[PDB]
Structure formats: structure tokens, C-alpha cells
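Below sits a lone chain in C-alpha cells, taken as the form deposited without the named molecule.
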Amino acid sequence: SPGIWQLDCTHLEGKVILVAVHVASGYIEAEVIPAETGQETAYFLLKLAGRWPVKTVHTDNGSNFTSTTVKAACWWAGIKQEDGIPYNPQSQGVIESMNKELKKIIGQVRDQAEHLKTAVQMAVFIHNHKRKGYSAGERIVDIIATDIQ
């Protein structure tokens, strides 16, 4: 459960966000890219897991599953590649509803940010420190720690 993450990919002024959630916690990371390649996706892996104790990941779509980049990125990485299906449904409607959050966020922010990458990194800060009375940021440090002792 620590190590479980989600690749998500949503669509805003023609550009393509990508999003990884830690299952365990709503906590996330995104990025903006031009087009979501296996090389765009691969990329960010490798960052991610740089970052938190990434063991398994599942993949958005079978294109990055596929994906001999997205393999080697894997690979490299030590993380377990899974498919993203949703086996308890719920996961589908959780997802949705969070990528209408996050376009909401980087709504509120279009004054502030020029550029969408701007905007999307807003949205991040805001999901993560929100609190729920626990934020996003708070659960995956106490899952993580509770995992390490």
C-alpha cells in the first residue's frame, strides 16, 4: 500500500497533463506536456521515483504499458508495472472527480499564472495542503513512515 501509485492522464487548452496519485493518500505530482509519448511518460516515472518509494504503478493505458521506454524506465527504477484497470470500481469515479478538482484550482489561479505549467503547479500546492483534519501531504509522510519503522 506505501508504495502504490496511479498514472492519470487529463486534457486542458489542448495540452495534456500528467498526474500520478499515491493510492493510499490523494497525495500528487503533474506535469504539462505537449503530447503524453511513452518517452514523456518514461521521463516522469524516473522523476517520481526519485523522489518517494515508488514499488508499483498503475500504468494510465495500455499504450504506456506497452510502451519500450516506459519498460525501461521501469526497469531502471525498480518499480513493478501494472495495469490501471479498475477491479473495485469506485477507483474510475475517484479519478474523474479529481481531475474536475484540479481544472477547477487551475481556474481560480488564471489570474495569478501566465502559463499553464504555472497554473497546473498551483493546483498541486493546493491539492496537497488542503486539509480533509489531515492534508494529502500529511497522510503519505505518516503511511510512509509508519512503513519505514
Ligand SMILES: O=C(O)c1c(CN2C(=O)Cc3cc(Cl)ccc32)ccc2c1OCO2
Given for the second form:
Protein chains: 2
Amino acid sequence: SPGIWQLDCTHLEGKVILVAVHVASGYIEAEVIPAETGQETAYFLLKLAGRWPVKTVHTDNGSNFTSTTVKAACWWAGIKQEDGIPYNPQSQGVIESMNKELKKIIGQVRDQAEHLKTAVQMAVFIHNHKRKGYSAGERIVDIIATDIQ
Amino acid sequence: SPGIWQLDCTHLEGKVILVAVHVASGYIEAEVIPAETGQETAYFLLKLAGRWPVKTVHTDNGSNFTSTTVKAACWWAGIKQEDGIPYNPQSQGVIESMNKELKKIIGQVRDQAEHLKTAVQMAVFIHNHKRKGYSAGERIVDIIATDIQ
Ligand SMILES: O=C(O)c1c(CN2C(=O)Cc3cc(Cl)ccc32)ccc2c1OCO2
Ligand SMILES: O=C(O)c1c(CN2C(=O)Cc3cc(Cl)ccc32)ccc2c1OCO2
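Requested next: the structure of the form deposited with the named molecule bound (the form deposited without the named molecule having been shown above).
Now the complete complex, all chains and molecules, led by this one.
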């Protein structure tokens, strides 16, 4: 549980936003790239695994699941790369609802930034700190600290 | 002290590596940029504060301390921006020692990547996972979890 993350790719302003969700907490990290490629996804995963103890990643599609560059980065970082098939059907809708909510947050900040990448990182900040009771940033730290102890 | 970070800028291959250290744990996040401007520093800080509960940052020099763009991002993200003056003189040397160790790690992986940015993220991964006994990634999570609770 503590080490499982889900990759998700969504589109806005002709660009791609790559998102990693920590499944147990809903904490996210995201980046803007011009298009999804194996190389961009592999670099994103290397960044993520240097920051949090990433044991398993459910990939967002079969191209990233197949990608030799993505498999190389998973090997390097000690990540088990898995498929992202919603064997649990509530999962299509949950990723749908996350993208919808992100895009909403991005729309609420979009005027405070010239470049979409800034607005996405403002949205990551707002999402991770939202209490709506703990925030996602609090939950992930509690989860992993409980795991270590 | 769970929320205090130190910014550090170091040079390699004609490029600049921007580093944030979480002072109590030694955990780091880093990025490669072509040069250290207010805009780049401000974006780096927005990224960092969306990911960890960053309360105070000791800026790495007076240009970033003065920068209106950096002060805008610290305002937006709820960060107290401070100077990075080593009132406690063991601080020049500790920052020095960190850069030298990062650069050593980078040299140990530099052949496994074409682009410096990949090697720096490999170095972040190896630094944060190194056991020293807990790693820096473990220390930071235990510190912040103890603080939440
Ligand atoms: O509101 C949401 O649906 C949401 C979520 C929901 N979320 C969780 O809490 C757990 C989880 C697992 C997965 Cl696999 C996907 C989304 C989520 C996460 C991140 C977000 C969200 O909105 C923006 O960022
Ligand atoms: O070994 C080091 O000197 C080192 C450190 C040392 N470090 C700590 O453990 C606490 C700390 C506070 C500060 Cl303000 C700077 C460096 C460190 C941190 C990050 C690193 C390091 O090497 C690479 O990344």
C-alpha cells in the first residue's frame, strides 16, 4: 500500500500534463510536457522515485508499459512496473474525477501565471494542501512514516 | 525545524544545479537550469512547496533574497523567505561538502545518461536513499509525521 502510485496523462492547451498519484493518499506530483513519450515518462519516474519510496507504478497505458526506456528507468529506480487496468472498475471514474478537479483548479489559477507549467504546479500545491480532516500531503507522510516504523 | 529548507546553487558542465535541502534530514530535491534567475528560483520553490510543507527557506544569495519574483512565489506558497547567512559558521562547509558529494555521485552515474539533468536526478535518488541507520528520505518523513501528530 504505502509504495503504490498510478500514472495518469491528461491534455490541456495542446500540451500534456503527466500526473503520478499516490493511491492510498491522493497526493500528486505533476509536470507539463509537449507530448507523452517513453523518454519523458522515464525521466518523470526517476524524479518521483528519488523523492518518495516508490515500489510499484501502475502505468497509464500500454505504450508506457511496453516502452524500453520506461522499463530501464523502472529497473534503475527499483520500481515494479505494472499494468494500470482497472480490475476495480471504480478506477476509470476516479482518475476521470481527478483530472476534472485538476483542470478546475488550474482554471482558478490560470490567470496568475503566464505559462501553463506554473499553473499546474499551483494546482499541485492547492490539491496537496486541501483539507476538505487531513490533507493529501499529510496522509502520505503518515502512511509512509507508519510503514518505516 | 520540520519546515526549514536551505537553497544552494552549484555549477557543473557550464550549467547550474539548484538544490533545496531540508536542513534537519539532509533530504534534497534538485534541478538543472541554464542559469540561476529569480524566475527559475521562484518556479523551483513553487514545485518544492507543493510537495513538502515548506515553512521557511534560507535563500542561497542576495539576488534571490531581493528578487521580486522569488518574493512573489514565497508569498503565494506561504513561505517565509530568510537570508542564508551562516550565523552558525559550520554552514559554509556543510553546504560545500554537500556540493562536493553531489558532484561525486554525479560523476559515478554520469556515463549512464546522455543529459546532465538525468544524472542529477540519479544523484538525488542515490543521496536520498543512502543509509547513514536511516536514509535522508526516511528521516524527513519521520520528522514531518512527528510534527503533524
Ligand atoms: O478529487 C479527486 O478526485 C482527486 C484525487 C482522488 N484521489 C484520491 O484521493 C486517491 C486516488 C487514487 C487514484 Cl488512483 C486517483 C485519484 C485519487 C486525487 C488527486 C487529485 C484529485 O483531484 C485533483 O488531484
Ligand atoms: O554529505 C553531505 O555533505 C550532504 C548533506 C549533508 N546534510 C545533512 O545531512 C544536513 C544538511 C543541512 C544542510 Cl543546510 C546542508 C547539507 C546537509 C545533505 C545533502 C547532500 C549531501 O551530499 C549530497 O547531498
